[PDB]
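Next comes just one chain, in structure tokens: the form deposited without this ligand.
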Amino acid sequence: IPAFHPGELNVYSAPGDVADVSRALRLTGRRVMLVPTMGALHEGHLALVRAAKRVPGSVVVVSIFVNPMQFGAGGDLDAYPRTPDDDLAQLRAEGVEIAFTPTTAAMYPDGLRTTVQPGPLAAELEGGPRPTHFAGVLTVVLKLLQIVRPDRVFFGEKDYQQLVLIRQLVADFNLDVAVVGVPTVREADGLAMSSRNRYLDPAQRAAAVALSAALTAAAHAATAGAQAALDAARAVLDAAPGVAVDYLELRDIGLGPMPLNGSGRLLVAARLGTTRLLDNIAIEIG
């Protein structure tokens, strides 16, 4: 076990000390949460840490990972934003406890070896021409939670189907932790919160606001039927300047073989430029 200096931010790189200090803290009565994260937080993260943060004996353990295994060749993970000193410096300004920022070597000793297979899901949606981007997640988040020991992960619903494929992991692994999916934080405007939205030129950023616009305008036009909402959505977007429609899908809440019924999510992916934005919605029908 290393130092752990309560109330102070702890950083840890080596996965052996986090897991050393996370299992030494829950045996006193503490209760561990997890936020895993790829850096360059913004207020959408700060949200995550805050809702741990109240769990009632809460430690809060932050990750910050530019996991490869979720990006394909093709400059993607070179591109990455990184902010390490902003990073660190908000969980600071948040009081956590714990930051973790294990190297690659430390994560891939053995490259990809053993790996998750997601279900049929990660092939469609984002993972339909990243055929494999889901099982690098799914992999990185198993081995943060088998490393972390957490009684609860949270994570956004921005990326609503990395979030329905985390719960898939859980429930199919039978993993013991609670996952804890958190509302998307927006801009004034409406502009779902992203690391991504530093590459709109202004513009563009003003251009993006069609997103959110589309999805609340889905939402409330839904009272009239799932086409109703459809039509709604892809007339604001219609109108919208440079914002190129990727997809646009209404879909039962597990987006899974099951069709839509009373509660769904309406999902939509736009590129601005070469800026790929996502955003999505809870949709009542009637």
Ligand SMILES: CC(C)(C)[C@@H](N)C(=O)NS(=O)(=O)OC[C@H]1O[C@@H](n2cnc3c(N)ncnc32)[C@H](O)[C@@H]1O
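Numbering follows the first chain given and starts at 1. For clarity, a rigid core is taken as the largest C-alpha set superposing within 1.5 Å between two forms. Compared with the form deposited with this ligand bound:
Among the candidates 235, 244, 258, 224, the CA atom that moves 2 angstroms or more between these two forms after core superposition belongs to 258 alone.
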Given for the second form:
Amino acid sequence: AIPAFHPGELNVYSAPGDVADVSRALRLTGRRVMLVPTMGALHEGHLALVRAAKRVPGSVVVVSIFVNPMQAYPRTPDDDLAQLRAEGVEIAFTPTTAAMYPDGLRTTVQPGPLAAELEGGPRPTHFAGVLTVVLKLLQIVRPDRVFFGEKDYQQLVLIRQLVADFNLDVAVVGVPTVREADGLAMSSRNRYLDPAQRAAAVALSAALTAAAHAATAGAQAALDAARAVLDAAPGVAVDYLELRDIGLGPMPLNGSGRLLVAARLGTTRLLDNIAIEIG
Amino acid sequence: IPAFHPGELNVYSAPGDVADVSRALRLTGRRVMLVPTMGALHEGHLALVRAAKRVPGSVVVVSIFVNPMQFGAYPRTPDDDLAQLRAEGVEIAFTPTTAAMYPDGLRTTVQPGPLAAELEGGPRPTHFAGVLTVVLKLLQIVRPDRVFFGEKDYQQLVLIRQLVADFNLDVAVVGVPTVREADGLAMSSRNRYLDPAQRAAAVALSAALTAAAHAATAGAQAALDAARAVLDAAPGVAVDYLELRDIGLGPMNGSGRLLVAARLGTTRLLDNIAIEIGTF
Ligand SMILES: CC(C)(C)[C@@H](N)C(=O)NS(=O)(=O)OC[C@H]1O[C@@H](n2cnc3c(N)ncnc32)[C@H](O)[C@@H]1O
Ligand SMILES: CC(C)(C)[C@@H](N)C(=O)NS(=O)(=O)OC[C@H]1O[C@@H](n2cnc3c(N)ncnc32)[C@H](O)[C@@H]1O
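I've shown you the form deposited without this ligand. Could you give me the structure of the form deposited with this ligand bound?
Below: every chain and molecule of the assembly, starting with the one above.
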């Protein structure tokens, strides 16, 4: 017996078997299941993913909300669910840690070497946790499409690697980064920035968009333009600024690439990245 | 999509081909059964094939693939294999290339839990990572309703159960009892590597295990000592391990599994048996 599903309403399931049963039933009725994985505390950046999933004809949208142990964090369950309702999302999946990890951490996904780079420097087990939980959600929900923000570009690439390497039958959709009015990438960490820090923080996006336009003059011009912009900001400790190919390999001599930055403003770590076309 | 001819052996090499056919077949209400093998098929493999075939409305997919991951030498007889499959009424053989399975080498992989560091994994600490990685790929390509494994490779079976549980895979794992020669020797391809003396000495593994299983009314120590005594009486059998575990291969007077690995010349043989402590 499939759990109750009320079309056009927000249906909340916490039991993996329940969301799995409902998704399967819905797929059989000619719905295309879209999965939007989140950690709750939803803002406009997350809702852009929701909106992209909604515009697929015949879509039913499943938004998961779950905080992974292996990859201090504020939460607001009631408000997250109210945002989802307002967006017309029909399924929220909100499991417990014990439901997701009933045997603890036993089998896990080992990512390839990209997982040790960039964000994997300070947090070398982060992406193992990410790919493990994403794989699990992919198997529970069996979505036709899965949505990730370009904000976490390295995460997006690694999920593309997961999907290809494990022969997963799902399309990965990357969704452009939602920004504040001055270009700052939207993140829950932004609220922690004091006025001085919030003003200096614009340098990340400014550096990157400057680089993207300096790029007609080549790879070194792009890097130098970004570095100059970061160098003009006080209290911005750059962890890395790197230009890579779009799959995060070495930048080829020309063609398409990605410029990624990470920086600390006091105790708040910020990231950003942008498409670059070299030459 | 590619062609599927019902009631005949259909051989696909492209993962995309077998995935499309499997998906199509599952839409038609047929239940997809998967039997992973490395080929060189013998009656032990055919027990899993037959188990799969008896599932009402099943279409049987047998994969034949030798994984360069789980090694760290294997007999290949692919014409025979397909002939046997045809004889069993199997409708699908999946025979992918190494390039098709590993186009990016070893990139994303499965990291098994600590059980994989033990028993068979002690000497071969990356073996089960190879197994779980290839089986996960096969499960994703084929998407079967049920996947069949022999109790012959009991630790592998247990580890597949963990994989399926831990990744929330939508597949039933079916263990199939060990097929034995007339004297009790567990059927294995590695047996062929035994000369007539070694083959005669090889009966000791199953004799020791079955002796243990009957001794076990008298407790775990009696069961283990009986097995060891038989192994000790056996000419030119060198024991790697002989271990009594719980049925999920945790420790230990309940019910359990006794496992043995032994060498006869260069040939490493494995066997295991269900054990009940204090139960007639
Ligand atoms: C995947 C999971 C395991 C659940 C976890 N590691 C995670 O990332 N949780 S999350 O709550 O922090 O992000 C949810 C999704 O929302 C995207 N996102 C966030 N800010 C965004 C923005 N400004 N513009 C565009 N997209 C944005 C992220 O890129 C991610 O794909
Ligand atoms: C899983 C894979 C990655 C393909 C690989 N590690 C593998 O095991 N290849 S294999 O060709 O050696 O065996 C295929 C299956 O056949 C079973 N089996 C063998 N002898 C058996 C016997 N005597 N009685 C019952 N069952 C028997 C094995 O237990 C296994 O489940």
